[PDB]
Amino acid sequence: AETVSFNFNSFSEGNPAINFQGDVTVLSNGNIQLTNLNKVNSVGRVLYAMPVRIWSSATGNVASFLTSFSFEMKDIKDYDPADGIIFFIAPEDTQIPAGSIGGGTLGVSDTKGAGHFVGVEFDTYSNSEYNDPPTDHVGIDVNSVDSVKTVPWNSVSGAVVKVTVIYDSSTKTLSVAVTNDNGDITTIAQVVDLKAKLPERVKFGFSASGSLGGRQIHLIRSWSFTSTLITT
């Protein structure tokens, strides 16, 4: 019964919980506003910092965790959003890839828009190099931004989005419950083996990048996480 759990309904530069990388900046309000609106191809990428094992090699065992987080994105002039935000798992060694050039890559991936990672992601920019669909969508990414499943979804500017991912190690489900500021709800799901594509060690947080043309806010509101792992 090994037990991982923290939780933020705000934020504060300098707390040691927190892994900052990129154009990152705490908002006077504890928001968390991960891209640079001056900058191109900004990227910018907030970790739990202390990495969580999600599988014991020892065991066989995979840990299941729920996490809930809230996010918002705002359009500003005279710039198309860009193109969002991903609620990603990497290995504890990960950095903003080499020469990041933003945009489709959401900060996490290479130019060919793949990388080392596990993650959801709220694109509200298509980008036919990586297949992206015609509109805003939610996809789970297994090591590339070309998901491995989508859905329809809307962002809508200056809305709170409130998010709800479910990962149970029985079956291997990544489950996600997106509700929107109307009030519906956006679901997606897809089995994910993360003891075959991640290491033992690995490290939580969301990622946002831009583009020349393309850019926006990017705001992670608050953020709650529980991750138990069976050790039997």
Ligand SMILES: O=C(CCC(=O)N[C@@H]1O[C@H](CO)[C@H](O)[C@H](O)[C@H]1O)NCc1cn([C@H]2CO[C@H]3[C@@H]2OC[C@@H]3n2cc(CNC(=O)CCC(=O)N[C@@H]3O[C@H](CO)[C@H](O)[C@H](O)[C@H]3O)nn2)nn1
Contents of the next structure:
Protein chains: 4
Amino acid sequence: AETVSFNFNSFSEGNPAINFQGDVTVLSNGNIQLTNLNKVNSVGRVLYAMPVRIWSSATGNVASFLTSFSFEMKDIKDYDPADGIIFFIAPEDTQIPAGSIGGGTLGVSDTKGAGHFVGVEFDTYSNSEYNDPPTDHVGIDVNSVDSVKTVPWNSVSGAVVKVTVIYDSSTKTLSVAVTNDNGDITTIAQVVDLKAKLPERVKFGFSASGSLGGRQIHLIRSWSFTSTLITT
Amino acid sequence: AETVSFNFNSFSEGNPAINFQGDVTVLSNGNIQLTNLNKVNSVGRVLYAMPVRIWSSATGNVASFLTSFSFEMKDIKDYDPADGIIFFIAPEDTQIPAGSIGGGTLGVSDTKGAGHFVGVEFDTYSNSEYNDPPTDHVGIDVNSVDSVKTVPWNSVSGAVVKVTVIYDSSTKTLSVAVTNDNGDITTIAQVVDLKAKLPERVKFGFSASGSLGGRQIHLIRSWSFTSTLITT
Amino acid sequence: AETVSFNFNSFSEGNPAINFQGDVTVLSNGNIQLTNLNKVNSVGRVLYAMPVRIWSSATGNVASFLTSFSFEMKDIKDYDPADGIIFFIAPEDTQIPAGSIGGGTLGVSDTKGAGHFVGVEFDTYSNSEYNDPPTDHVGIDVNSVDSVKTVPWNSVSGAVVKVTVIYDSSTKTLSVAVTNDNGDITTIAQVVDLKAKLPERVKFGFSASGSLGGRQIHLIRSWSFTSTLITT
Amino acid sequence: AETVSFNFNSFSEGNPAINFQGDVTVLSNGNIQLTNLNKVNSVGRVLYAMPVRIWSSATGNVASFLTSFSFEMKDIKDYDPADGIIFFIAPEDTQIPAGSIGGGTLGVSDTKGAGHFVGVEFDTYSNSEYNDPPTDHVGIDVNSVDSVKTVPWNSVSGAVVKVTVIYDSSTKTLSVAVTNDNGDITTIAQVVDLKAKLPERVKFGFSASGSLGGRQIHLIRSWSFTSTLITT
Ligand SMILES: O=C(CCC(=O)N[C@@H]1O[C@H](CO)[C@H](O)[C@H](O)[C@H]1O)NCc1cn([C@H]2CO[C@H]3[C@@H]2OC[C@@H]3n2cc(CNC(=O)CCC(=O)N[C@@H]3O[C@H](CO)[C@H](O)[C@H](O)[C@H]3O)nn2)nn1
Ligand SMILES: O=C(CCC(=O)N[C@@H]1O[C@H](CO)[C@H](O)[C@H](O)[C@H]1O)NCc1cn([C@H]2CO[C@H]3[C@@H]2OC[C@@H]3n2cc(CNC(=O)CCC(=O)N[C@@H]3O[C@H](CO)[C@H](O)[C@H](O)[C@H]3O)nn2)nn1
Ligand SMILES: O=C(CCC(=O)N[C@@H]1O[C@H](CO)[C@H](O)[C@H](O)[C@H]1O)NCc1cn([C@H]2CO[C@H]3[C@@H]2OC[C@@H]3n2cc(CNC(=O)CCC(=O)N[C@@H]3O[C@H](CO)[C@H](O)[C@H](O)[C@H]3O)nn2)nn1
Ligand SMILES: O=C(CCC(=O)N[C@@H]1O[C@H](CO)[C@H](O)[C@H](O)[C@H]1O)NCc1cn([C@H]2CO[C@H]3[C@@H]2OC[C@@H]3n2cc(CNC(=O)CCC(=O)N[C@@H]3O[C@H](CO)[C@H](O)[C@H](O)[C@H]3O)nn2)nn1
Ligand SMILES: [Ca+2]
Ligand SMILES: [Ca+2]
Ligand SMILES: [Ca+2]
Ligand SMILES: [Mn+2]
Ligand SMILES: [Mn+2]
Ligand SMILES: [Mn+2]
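Structure of the form solved in complex with the named molecule (previous: the form solved without the named molecule):
To see the whole picture, the full complex is given below, headed by that same chain.
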């Protein structure tokens, strides 16, 4: 089998294993800060630099994967704590959408909320234009920030959040477990056919955005990943 | 919400938080050893002593859970490396089946392979009587060691194996990710309705067994768990 | 710290983690075959596709690394069993030298034997033009196939050879242990300053070559690697 | 060429291939447990029972060696996690020092920290009396627990640690690569003249110790070794 495996306990500028897009910076403590607090419609994204072959047009086989990551969102004075973080999967050529308005697009979609990606969003602002639920939520996204499914959640300012994601290729199930600061777990799961929605070669990563009035600290603290694709 | 949370980095026999059944021992290094290498049809099981409420007859709500554990199976001289370990969920009064033959029953079922439990098995011996696949496998079990579903796997002697399990109550999906020695990940997922198959209060644990000619070292190294049941 | 880790138990065409250069083919059993047995001056090379940051111009720190691989060289009828395999480190833009004569150049150097690379060679033909010792040898190469140091060795046709390499950044020591078919070990070690000889970002890989009369089967069976760079 | 080669995937009490010294026990899972958790100044050691000819008095030749082993250190309640494990080389008659205080001596030296041995220590307690660095470390020891050289390291409780050691006789270089749980590699290398510091035949092994307050689980899980001495 063909396996991609990596582990990030911290990050650094100049690591060729990571692609930095837009307003991303690396802090002295090793955290990735995705948005620029002094910029309007800030968008920042980090991708694992090596494309991952999630399915093969030759065999028809689809990869399974296990990934864990930790993040932190923290309020800043005067601005609305917005807009959130999205763990996403997209074609290997993926770039921040041209003329991105940031905000509710989470740096992955156009103004209408459409894009070419699969993702798990940690949404901290209710955008009526994307049919967002009224509270903070975890959502499963398939080519749109108008989520296929959401679950109520609570983004606590300054809290370290732990996420575990399992994609089971045979059932096409994307399962997510979110470990909150109050000790409770939040789960969400959805059948998503990655072979039907995405090309063979993809990139994995994180994106976050803000607006003129909606800004917060978006931090990626750690990321581990393993994908395995059965080969002929 | 109602949350049960625990973490075992090590295990000890004086700790009332675990119930010990059958031939199980705790080694001085802190590991749980489920079977006795010198006994015919050895069966050893371990359960978290406190019953966990997984669903409510009042609200109809079912808990979600995230659990991770690590185990090790190691070959012993002159014996077939058998039979395997099962992570299981059973009614709170669960006991080793009376007159257990161990072996392919994995200490949770009768001779016909039937029992009252939901489990994830790490099977290392092909029992034709339980329609086992020809190789080592991970199976999702619902009241039978004749698995609802299996996935090929490889039990590497002396390797530390890491497992992550997500149960998403809304989709009723039990998703499993197993991290092997060769670096590959193996996943298996199955829709299992816990309300329909198990009582409101259950015990979680591990079981392993052997036969006259089938024996191996079965070890539980660590276990973390979090369940959350919505009470509104 | 910044760590790069990978493990290849087998190889496949289409794996984005591997760059194929020249006459390389992947066999149905998963082995990489580096040279074409029917081509004059055949050269084949495989590289890990991601550039590896081996030193930082910001901190002055140099990475340490541990790598293991298994290869096989097998005689073919009538041709001289030549020329061997080189495990090498080179600038990220590395290509087979233009107008390569293959042969004693091992696909990494020009006709005079000069190139931009650091390598461990498994040399099976004595090239007087590169001051080769009279027998098969393991050599440490610094920008030349005229080795800084060599040790007598024996390339056994059809034998699986295991190699372990340690690069200790603090002492700048490259240490090699070669495990033969007859059970004996061969070692060679050399102080090589990678920060002085190579750029910050590099590619790691394997190269092999042949000539008109010098041809043999050159196989790469497995490859594991871990590098760690202290960050500040 | 005179070669010594062995492989231990597990260990057993009834095997004359290993010499057991002091408080050492074999657990039912096959691991060697070096210290007794209920004893003051506990010292336990294991040696490969056959002496290894590391050098010739006839030719003046010195052996090269390649060795790999895996170990585990685990914290125990109410005791300081101390003192660590040493992989050592000593005269064939080597015994635990008479009236050993255990602790910082690592079971290989006297109260002043002096002994007759060459070793690689995995030291988890800072002994100012042996000029230990302030954190956990890997050290290269020559007749003293006051290390010739150290490198900062981190002993993770319950983690399986893999070590690879290369001794290159021509450069007299002892190179060590330590693979941690967080994925990082730690290396240390030192020129050590084995012919000048040790006798013709030596014993290879492992030692660990504790004190009244400093105690932890010290486990040896596996050990492979190959040495080759050129006889021509
Ligand atoms: O000061 C106070 C009271 C302070 C306070 O805490 N008061 C508390 O009151 C309590 C009881 O109420 C208690 O008494 C308590 O003791 C007391 O302390 N209010 C007055 C007040 C404060 N802002 C803030 C909050 O919301 C406004 C303003 O600052 C940011 C935000 N904005 C509004 C706008 C206007 N553009 C637009 O609507 C067009 C574009 C637009 O909305 N894009 C969206 O902007 C979002 C962010 O708002 C997202 O990023 C979206 O994704 C993005 O699409 N752009 N940015 N607006 N009005
Ligand atoms: O020696 C060799 C070849 C060894 C070898 O390495 N050969 C190598 O081959 C190489 C090339 O291939 C090379 O040539 C190499 O040079 C050469 O060394 N075979 C001859 C041989 C060896 N056993 C072993 C393996 O299987 C047998 C025997 O030892 C264990 C097992 N059992 C079972 C019994 C007693 N029954 C019963 O209890 C009957 C009921 C029964 O089968 N319950 C099941 O028993 C299982 C375990 O077998 C499971 O636990 C099941 O869950 C359980 O239901 N009693 N024993 N049986 N026959
Ligand atoms: O048949 C036998 C004895 C066989 C045998 O088993 N004899 C046994 O002896 C026993 C007792 O000892 C018993 O009596 C037994 O009964 C008897 O059977 N020799 C007569 C004989 C055989 N070739 C062979 C070996 O070497 C020659 C020939 O086949 C291959 C090679 N090449 C080379 C060429 C074309 N040049 C060039 O390309 C010139 C440039 C050149 O030399 N580049 C180098 O070529 C190398 C490869 O040779 C390397 O690849 C170098 O890196 C490369 O730089 N074209 N060919 N040349 N002459
Ligand atoms: O409880 C606490 C804080 C616990 C804690 O978690 N605090 C947390 O702090 C957090 C924020 O920081 C939070 O606030 C949190 O809420 C709070 O819980 N300290 C008070 C405290 C605890 N021991 C421990 C640690 O060190 C002592 C004690 O237990 C073991 C050790 N020993 C030693 C002895 C007996 N001597 C001798 O034998 C003298 C000779 C001696 O020192 N040979 C050396 O002993 C070593 C081992 O200590 C090595 O083995 C050396 O190789 C050996 O040479 N007898 N005992 N000594 N003093
Ligand atoms: Ca939103
Ligand atoms: Ca040559
Ligand atoms: Ca110490
Ligand atoms: Mn949303
Ligand atoms: Mn050469
Ligand atoms: Mn020390």
